[PDB]
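In the block that follows, a single chain appears as structure tokens, in the form solved without its partner chain.
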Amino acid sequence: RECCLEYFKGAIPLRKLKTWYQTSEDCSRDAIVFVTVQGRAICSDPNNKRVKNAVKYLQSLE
């Protein structure tokens, strides 16, 4: 369940996000969902460099 159909090819504000997770393994399309400070989420290609960079960043916050 909870799937991404399309990703956000816009720009990412690393200080705006609060978390991330990977959508269910059931989904035809894999995506990384970031969650912003205001509860909203961004569907992101896990193969985009800036996405992999957003992930790296976050994790270092812990």
Contents of the next structure:
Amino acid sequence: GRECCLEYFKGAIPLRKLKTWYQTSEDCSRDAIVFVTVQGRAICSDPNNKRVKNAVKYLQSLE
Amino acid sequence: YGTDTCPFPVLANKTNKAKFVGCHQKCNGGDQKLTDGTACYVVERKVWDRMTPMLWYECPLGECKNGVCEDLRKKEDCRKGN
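The structure above corresponds to the form solved without its partner chain; please provide the structure of the form solved in complex with its partner chain.
After this comes the whole thing, all chains and molecules, with the earlier chain placed first.
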């Protein structure tokens, strides 16, 4: 990958606003899930937060 | 979404260590600065945008100080990921 996350968004993103997701590289200083919204915003997210892990599973089930 | 929650561009080197491209960027219409001491490359974001993934480029090494990648007067191979 080509970007790394420094801090996580503290709050809920509604599922309907999520378009896609990816995981940053393990070579980053922190691990992260990046969510891309339907408006094209990229949001660094806590990969250990249950809500985030669940949203990734939600997006994977639509695929 | 906060002004520090945007992904930040990086480049890898031949030891696979990632380093940030500059030390500041716009994030959700605010200013995002990396912490002092962070390893960085003295490379403009708009140049990074033109970098072809996985070709080798030449990057000036730096360290972040008050949101600027300050040059350390050393160069090393750097590459953009997929």
